[PDB]
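J.: If you want the building blocks of each chain, they are given just below.
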Amino acid sequence: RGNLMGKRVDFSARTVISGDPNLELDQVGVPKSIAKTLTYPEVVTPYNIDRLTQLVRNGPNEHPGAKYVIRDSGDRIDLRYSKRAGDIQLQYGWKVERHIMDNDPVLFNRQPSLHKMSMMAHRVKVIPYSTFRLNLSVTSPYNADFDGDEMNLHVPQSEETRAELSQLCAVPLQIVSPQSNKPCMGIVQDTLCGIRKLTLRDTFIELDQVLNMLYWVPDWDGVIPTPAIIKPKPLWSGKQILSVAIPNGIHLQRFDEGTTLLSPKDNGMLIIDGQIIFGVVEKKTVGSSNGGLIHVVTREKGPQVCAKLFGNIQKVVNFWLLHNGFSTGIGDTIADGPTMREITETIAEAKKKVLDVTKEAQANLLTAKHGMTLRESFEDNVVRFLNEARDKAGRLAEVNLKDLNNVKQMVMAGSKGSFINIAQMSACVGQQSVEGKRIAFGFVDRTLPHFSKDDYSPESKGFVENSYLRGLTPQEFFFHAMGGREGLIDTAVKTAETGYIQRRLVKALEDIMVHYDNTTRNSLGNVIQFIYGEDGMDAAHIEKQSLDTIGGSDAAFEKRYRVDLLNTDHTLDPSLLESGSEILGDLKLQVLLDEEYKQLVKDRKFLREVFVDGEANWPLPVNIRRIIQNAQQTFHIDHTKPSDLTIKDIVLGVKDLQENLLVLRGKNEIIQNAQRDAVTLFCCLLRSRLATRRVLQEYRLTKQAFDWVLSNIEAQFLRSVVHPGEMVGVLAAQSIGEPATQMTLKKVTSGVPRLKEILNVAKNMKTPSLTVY
Amino acid sequence: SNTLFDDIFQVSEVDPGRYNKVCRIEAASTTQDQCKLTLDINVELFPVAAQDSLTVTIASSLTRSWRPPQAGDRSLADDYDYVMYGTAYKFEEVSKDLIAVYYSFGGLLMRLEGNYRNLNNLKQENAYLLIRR
Amino acid sequence: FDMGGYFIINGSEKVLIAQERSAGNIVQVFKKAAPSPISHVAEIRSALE
Amino acid sequence: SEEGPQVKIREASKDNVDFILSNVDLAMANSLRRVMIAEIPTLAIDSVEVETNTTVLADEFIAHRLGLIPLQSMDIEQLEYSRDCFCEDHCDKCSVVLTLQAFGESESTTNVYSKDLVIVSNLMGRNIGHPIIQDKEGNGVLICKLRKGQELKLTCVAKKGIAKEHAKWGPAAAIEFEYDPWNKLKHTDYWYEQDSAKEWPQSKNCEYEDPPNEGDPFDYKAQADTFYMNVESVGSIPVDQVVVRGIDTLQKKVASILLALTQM
Amino acid sequence: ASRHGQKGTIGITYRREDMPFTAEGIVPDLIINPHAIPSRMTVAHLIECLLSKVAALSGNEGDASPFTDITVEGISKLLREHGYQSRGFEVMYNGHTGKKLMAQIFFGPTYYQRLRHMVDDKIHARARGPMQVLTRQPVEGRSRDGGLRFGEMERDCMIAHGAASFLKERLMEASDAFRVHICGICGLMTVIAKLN
Amino acid sequence: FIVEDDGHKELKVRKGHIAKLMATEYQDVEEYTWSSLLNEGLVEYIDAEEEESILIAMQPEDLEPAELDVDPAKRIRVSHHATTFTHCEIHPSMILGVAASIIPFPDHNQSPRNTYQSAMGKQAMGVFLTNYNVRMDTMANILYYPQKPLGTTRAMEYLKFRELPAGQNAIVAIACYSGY
Amino acid sequence: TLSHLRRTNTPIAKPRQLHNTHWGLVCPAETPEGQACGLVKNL
Amino acid sequence: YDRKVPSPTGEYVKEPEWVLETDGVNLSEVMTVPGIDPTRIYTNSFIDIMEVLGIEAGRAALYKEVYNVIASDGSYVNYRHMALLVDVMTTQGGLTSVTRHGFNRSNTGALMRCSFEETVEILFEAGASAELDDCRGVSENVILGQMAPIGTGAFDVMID
Amino acid sequence: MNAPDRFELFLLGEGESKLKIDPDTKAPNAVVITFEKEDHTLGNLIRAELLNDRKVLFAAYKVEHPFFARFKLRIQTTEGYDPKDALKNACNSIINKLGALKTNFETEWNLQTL
Amino acid sequence: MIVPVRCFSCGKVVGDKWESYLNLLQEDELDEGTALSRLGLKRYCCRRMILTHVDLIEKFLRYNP
RNA sequence: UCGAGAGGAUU
Ligand SMILES: [Mg+2]
Ligand SMILES: [Zn+2]
Ligand SMILES: [Zn+2]
Ligand SMILES: [Zn+2]
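Chains V, F, E, Y, S, U, D, G, C and L, in that order, give the protein sequences.
The first sequence lines up with residues 337 to 1081, 1092 to 1119 when you count with UniProt numbering.
The second sequence lines up with residues 2 to 63, 76 to 146 when you count with UniProt numbering.
The third sequence lines up with residues 197 to 245 when you count with UniProt numbering.
The fourth sequence lines up with residues 2 to 265 when you count with UniProt numbering.
The fifth sequence lines up with residues 981 to 1176 when you count with UniProt numbering.
The sixth sequence lines up with residues 638 to 643, 647 to 668, 676 to 714, 721 to 833 when you count with UniProt numbering.
The seventh sequence lines up with residues 491 to 502, 509 to 539 when you count with UniProt numbering.
The eighth sequence lines up with residues 1287 to 1446 when you count with UniProt numbering.
The ninth sequence lines up with residues 1 to 114 when you count with UniProt numbering.
The tenth sequence lines up with residues 1 to 65 when you count with UniProt numbering.
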């Protein structure tokens, strides 16, 4: 386990880390001293012998150089001290141990590496100072701070070894994660706070600020955009100037609580063709998530275009925040005077509630709740009472927090903050918990020796009426010191079991490789899954998309989907198709509409059986919401002029398309039926969106635009297959182990111990239960 | 390449949406009845108080770089005191023989509904707005 | 400002760290678990000073 | 009087100067402040050889302290950078050599002031190398304290440089800077709790600008042209030659570009 | 680090010219970020920056002792008497341009502690260096010019990428590669090695 | 401290017995020290077992008789509503260790954050001894120009932190600047 | 140095949690992290 | 509980219902009562559900309890990762635990199991039972220091 | 240990010209100037002065890395107008402004009596 | 451990004011705040060089070698 | 080479 599974190796590194936005994402900062020390054997070629002989002439003392030279016989030549180090005639086939230079593949590491995206290749950018420089948006798949964290580095020694880093283990290749079927890297603290204040409509910038901001994009077409305001003084919006970073052909729609097409609160987001239309950019728009901006550009434009998109976004937003500034004082925690007067009034009303309940309990007038002791009902009542006052006063603070409150803005962009931190800092920190209970009596019938015995009031049981800003009392300080040690214990405890759990998961599933038939097997060859993931698709190229066959009334299902050819009121208007009047009552053609409708009804039965809860937003391998907007944009569509399609092109074309969405190429009946089983849900989406009414009325396609939609969907599906040879069990083990490490916090076994009991299958569970229907 | 729309409006509501330099204006069309608009306006440049009367126009001109005016040679095509540039992102259809258009002046949004603008306000990106005193 | 409180062994300032223990010669009552056949116990750690 | 920038001086001193700077671009006064801090040449110690040290402080402590000692650089333009000259190590045309000797003869503790530094190298008739003493007592500056029986003997080789190489070649320190004391330009968004006017203090320069009558709208054409400033000097260079050489050094910097452009 | 668990390394060293400044020309010795403040709730760090400001101007020692009836509002009443923002903010100008910053900066003295960790004492590097005799593997620790361990958890993760040929170089050519001769019938390391 | 009945319940020590201690503090005549306080019966030695049977007041103003306009910014302190007092704490700051007593305003702080500094405050560079030059220990690190803290605990005086500190009053600006 | 002369090692059923009796005798917050938190504590 | 169910028109609407929750389990004699639905009843004890409802019904009971752990912290993991873990425990026919004595009892060569908890006595029994090793495992060839069949190592390269 | 020598901020190194001229691709009348061993002290004064000239279209500088001292400047001008001629007259406009400032300041200095 | 020459933030020479500072505190019996304002220190960056400083060199020379 | 201890890492 310590010399064979893992071992110390040459060509290694270790330093401290630091974040530099002007470093690119796939770039890494390798200092010269470590770069002078590490080496890569490069055989001499006729192309590079002019460069290689020059590097020997520089010498190993100053970079770029070379530490050794190997001839044909293999007797090593030490260039640190040799009498013929000056004059060397490099014959072909000799080996040169040159220093590591710019734009070379190196493996960037971190401890602990319980994650596939914790071992990624990096481009070398040699830098003068001593730390390992890295981009800001690589903190997420490494879980790194810059407080004291160290990172390692390894160097390839062969050509195939160099290729596997650059083409498989690169940063852009691992942007989208199989775990969580979403990206990992995203825009972070200063960029995330800067992008919010920049994209506000009140925020405006003048020409002198624009031109510096404009040139800061590295690859940029050189055109200055026409300003939003031109008459009094030409002014550019933050939304105007940010659109230069986003490439042409990108579209994004997002809706939340208040989202009109006017958006008075400027919430929501609509992006069309790389120029954002309205909204305030924040964590939901750019933080690594399902259907994020990075999720779009990685799938549509590609990895490298999305990787450079991290650079251009940071350099613009940091430059605005450079010349605007942002801070945080203690006035960002001080609340209004009258707001504070309500807050302690709210606590006193809660404390009076605890007094009057206690007098009711003291007189044995309490009605015992079923299934619990009478004393347990007292704790359940009072704990829920005090948490109400804390949550009310905390939400009373966020009412009074003005828009310039620097703590609120970091939460408003979601950079580093939550609601509860505002409650503990300003209004009231609240109750402390020791092993799920209040502060117990270590002393005889009292919690602390400054209190009389048998005092169950919140002041004696661990309620901190004062807030962090207001000032903790000695009793409240000690009770907080009592509860805080449990969290430090639980953090040290949970990290111990988590690393054991990840070990047990990896060593159980290490042989799980998708063979060259999609039969998930192991060394003996025992089949676990006949199709990987029960469909055969890679988790990276997977997006959540609503299929609306499930939802809606049967009448609204009809009005959206019923094309009756032989009707006057349930037939498509001939303003929606060239052959509208010609195709009417066509008996050889109306059979195709009803046969289509018959499978759509059977599809609605099939999905409503499986998805009983009614949720339609589900992970599916090919996005069609984005693809139709591409066809709407690549080919310019007007709603006035009708299509140029026969209905028989549509229905026979979709029926032709399903036969070609291949997952398995056996000619046998069992594999072909399994192929029909594998694409059944995806075809259920495809028939719902490529319907005869929907194509010609909702997004009025043409014949040329429709054949491209068939061309894109087939290619995107075929690319979004699991590549055989992928180790997936080791990938599956880290996919559960990494979010388990973030697990730290009605009497049900939950969290990590519940996860421990499930894996280490328990004869005697701590909390078993029955859910009866 | 000339004027696409002209009307005179009386404002009804000015709404500072938790902002300092931007307000959401609400105005119907005088000389008509079934025509109103909702528009975002920078207040600091042009102060728009209540009960104002704003002559509003939309043109297609008067891509390529924006050079500064540099002279009277690049003569402005406006006796107004406000101008903006936007994109046509949505044309709503409220009912038959009625139409509403949506513009985005770089995040500042514009609502406009009416009847007779169904010969202009095409799907082209190019769109202006001009507001007189 | 050196407050003492340490031994000097082979030139190295060794410090005797405190050790923690439960008190001897005290009667203690410990409830036993469910699968234990015995139900209770009374323990005293008897040792001469 | 001449067309362009204007200057009116409110108050002045031997080491402080308070002036208004009218009719300039904002980038000029900022860039002037940067060269004034950084690129003005001034002489200070850069090499020290140590004969004997019995002090409680290590030598690199003292070598650090000797760097920060202010040395007069009024006539520094006739002195040459040691990088430029043709001497072997350092000569009288580039460097200035100093020597320091102190012995704990007295029973009581004996200090080592800056005035006890002595000069060895040839002056060649230029006002250089004199350690400045702004002390009213006349004793220069603390370098070390010596008990009876302690001794200290070393040499100090001064060299020419600028603050970009090390901060000991610092001509000035803590230069004030304020424009628009009423924020009529709206260059900053005031963070307030109840009222911005009552919570924020009035600047002292508010009396020398016209107050904004709030009935008038925002001036959406005025850019910054009047800048209030104060310059503080250590004493190595008087306050007039602090700013004037900084104007000259910046003027020399742009001229090097024009010289580099003509050769291209 | 400061006295409130706020760690942090030096990201870069800026000179006084590049640094922002206040109206009195005062420059910050140390620049930190607002984004490390709410996640850890170190309010005393934020008050120590405020209280040390009033202690410096008054010249009297600042009392940050616990369980003392001393209010921020009482402290901020004193700082208003000294002509500043009561809650600690200061108008700051960008040193790069001289343009004012819209957000006024929290400015004040804060006692900071230089930690015992330094980069040069931790920087490590190795290629073809010393080898232990027992394992034929590189020696342990940076003190003996050793190498870093390409551990099992790294071997676990690098399997998921599919870099098999990278793993062989990492497991043979990087360290402890060996060549041995085995009999075909007697499949064990047995053979007399008369190579020459 | 020892609390006992007088006309009413109050502390044994008085303001007159305080001045004999401070007279000994100034002269640095009969001297008055800690052993003189205990011998005279004005203090007691309490462990965990004996303090089970006692009732302790926190501040010595809790013996004042009760009886409006008040400052809102102060902490809300509960009226104890108990009168059978036996002892009073010296000052509640004393429960902190030697390392955590360095921490300024630990009441206004998360309890892990008080723990977090008190585990690396022992790592900070500083002058451990005045005879560092004379002594020859294997590793020694000394700050060039140490400064006493501008915010001092009352307990720092008995820990000699002002007379022998381990850090400087760096001027700190919290600014989103340079992206670093 | 001052905090290394006031330290208790405990060789080893809920010991690590801060106890009520620990008021006034052991430090509430001063304790190491990770390996043995709460077992080693300072007076 | 709150539950969505189809209206006769077709739209999903919230149909509340009462549901009992317990603190014990013997599912073999709980579903055989009157007044309940014996079709959709559920326990959080998956070990009895394997005994009562079959092995494959334990699969979804295993996954749902794992899914409830993940979404408790607000997290999200794709289905194929957990279903890989659930089926690996399930495919033996019993509830093969991921532990020292749950799956290391197997026929998966010899050297793959030596990388886990019981190291020497597994080799001793392998020395006793004379187990020929397949040498196709990841940990088999990593110990052997060879290019294991891991993606890039699965396919050989040949010349035409 | 690894830190570079402090004189690299203002001493030109080995064969490094002070100004390197390169024309920007996909733009008319565009050039980029790789200023060497300079900083914000020189960049802002040129850029603010180019904006005063109403025959200049584009003028902006950027420090590629605060580690090094090499800021880049790119200019775009009207047809038949090389940016060097726009650069030199604007640079000379600073020299007239600086020299006028020095002469105006020295008179106020001598008038002041302290 | 001995009075620094200049403030690290600004750079004004403060090393010369120490011999006056203690004598300003002793023979004049002045307040610390008025002592720093008298000696020309008006910004708080240079002000904390003298107030916060503890002159440890007096203890170092007490050791006879 | 071995055993022991004090830390640094995971918000
Ligand atoms: Mg960290
Ligand atoms: Zn010379
Ligand atoms: Zn044999
Ligand atoms: Zn200062």
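Honestly, I wouldn't trust all of these hints.
Unchecked claim - For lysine-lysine, the following BS3-like pairs were computed, each having C-alpha atoms within a straight-line distance of at most 27 Å:
{"#": "1", "chain 1": "U", "residue 1": "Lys801", "chain 2": "L", "residue 2": "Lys59"}
{"#": "2", "chain 1": "F", "residue 1": "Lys109", "chain 2": "V", "residue 2": "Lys738"}
{"#": "3", "chain 1": "Y", "residue 1": "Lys185", "chain 2": "F", "residue 2": "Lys22"}
{"#": "4", "chain 1": "S", "residue 1": "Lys1102", "chain 2": "V", "residue 2": "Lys372"}
{"#": "5", "chain 1": "F", "residue 1": "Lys109", "chain 2": "V", "residue 2": "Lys895"}
{"#": "6", "chain 1": "E", "residue 1": "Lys228", "chain 2": "V", "residue 2": "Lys773"}
{"#": "7", "chain 1": "U", "residue 1": "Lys801", "chain 2": "S", "residue 2": "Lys987"}
{"#": "8", "chain 1": "E", "residue 1": "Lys228", "chain 2": "V", "residue 2": "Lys1093"}
{"#": "9", "chain 1": "Y", "residue 1": "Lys254", "chain 2": "C", "residue 2": "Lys62"}
{"#": "10", "chain 1": "F", "residue 1": "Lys109", "chain 2": "V", "residue 2": "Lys567"}
{"#": "11", "chain 1": "G", "residue 1": "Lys1350", "chain 2": "V", "residue 2": "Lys1092"}
{"#": "12", "chain 1": "V", "residue 1": "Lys569", "chain 2": "C", "residue 2": "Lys55"}
{"#": "13", "chain 1": "G", "residue 1": "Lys1300", "chain 2": "V", "residue 2": "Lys1112"}
{"#": "14", "chain 1": "V", "residue 1": "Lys880", "chain 2": "F", "residue 2": "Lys103"}
{"#": "15", "chain 1": "Y", "residue 1": "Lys187", "chain 2": "V", "residue 2": "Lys569"}
{"#": "16", "chain 1": "V", "residue 1": "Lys637", "chain 2": "F", "residue 2": "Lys109"}
{"#": "17", "chain 1": "E", "residue 1": "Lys210", "chain 2": "V", "residue 2": "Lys773"}
{"#": "18", "chain 1": "F", "residue 1": "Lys22", "chain 2": "V", "residue 2": "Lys744"}
{"#": "19", "chain 1": "S", "residue 1": "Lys1102", "chain 2": "U", "residue 2": "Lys775"}
{"#": "20", "chain 1": "V", "residue 1": "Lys688", "chain 2": "U", "residue 2": "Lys727"}
{"#": "21", "chain 1": "V", "residue 1": "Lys728", "chain 2": "V", "residue 2": "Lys752"}
{"#": "22", "chain 1": "Y", "residue 1": "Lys187", "chain 2": "V", "residue 2": "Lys738"}
{"#": "23", "chain 1": "V", "residue 1": "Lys1093", "chain 2": "G", "residue 2": "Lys1350"}
{"#": "24", "chain 1": "U", "residue 1": "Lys652", "chain 2": "V", "residue 2": "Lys789"}
{"#": "25", "chain 1": "V", "residue 1": "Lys403", "chain 2": "S", "residue 2": "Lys1102"}
{"#": "26", "chain 1": "V", "residue 1": "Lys752", "chain 2": "V", "residue 2": "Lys687"}
{"#": "27", "chain 1": "D", "residue 1": "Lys510", "chain 2": "V", "residue 2": "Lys1092"}
{"#": "28", "chain 1": "Y", "residue 1": "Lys254", "chain 2": "L", "residue 2": "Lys42"}
Don't read these hints as lab results, they were simulated from the structure.
J.: Give a verdict on every hint.
T.: Evaluated hints:
no.	hint	result
1	U:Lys801 / L:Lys59	holds, 16 Å
2	F:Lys109 / V:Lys738	violated, 45 Å
3	Y:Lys185 / F:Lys22	holds, 15 Å
4	S:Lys1102 / V:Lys372	holds, 17 Å
5	F:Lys109 / V:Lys895	holds, 19 Å
6	E:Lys228 / V:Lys773	holds, 23 Å
7	U:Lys801 / S:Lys987	holds, 21 Å
8	E:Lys228 / V:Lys1093	holds, 24 Å
9	Y:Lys254 / C:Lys62	holds, 19 Å
10	F:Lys109 / V:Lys567	violated, 37 Å
11	G:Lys1350 / V:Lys1092	holds, 18 Å
12	V:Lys569 / C:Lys55	holds, 19 Å
13	G:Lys1300 / V:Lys1112	violated, 33 Å
14	V:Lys880 / F:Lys103	holds, 25 Å
15	Y:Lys187 / V:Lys569	holds, 15 Å
16	V:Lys637 / F:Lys109	violated, 40 Å
17	E:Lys210 / V:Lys773	violated, 43 Å
18	F:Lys22 / V:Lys744	holds, 21 Å
19	S:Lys1102 / U:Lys775	holds, 19 Å
20	V:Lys688 / U:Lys727	holds, 22 Å
21	V:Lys728 / V:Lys752	holds, 22 Å
22	Y:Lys187 / V:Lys738	holds, 20 Å
23	V:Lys1093 / G:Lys1350	holds, 19 Å
24	U:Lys652 / V:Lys789	holds, 25 Å
25	V:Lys403 / S:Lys1102	holds, 23 Å
26	V:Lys752 / V:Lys687	violated, 33 Å
27	D:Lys510 / V:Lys1092	holds, 24 Å
28	Y:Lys254 / L:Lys42	violated, 34 Å
Hints 2, 10, 13, 16, 17, 26, 28 from the earlier list are contradicted by this structure; the remaining hints agree with it.
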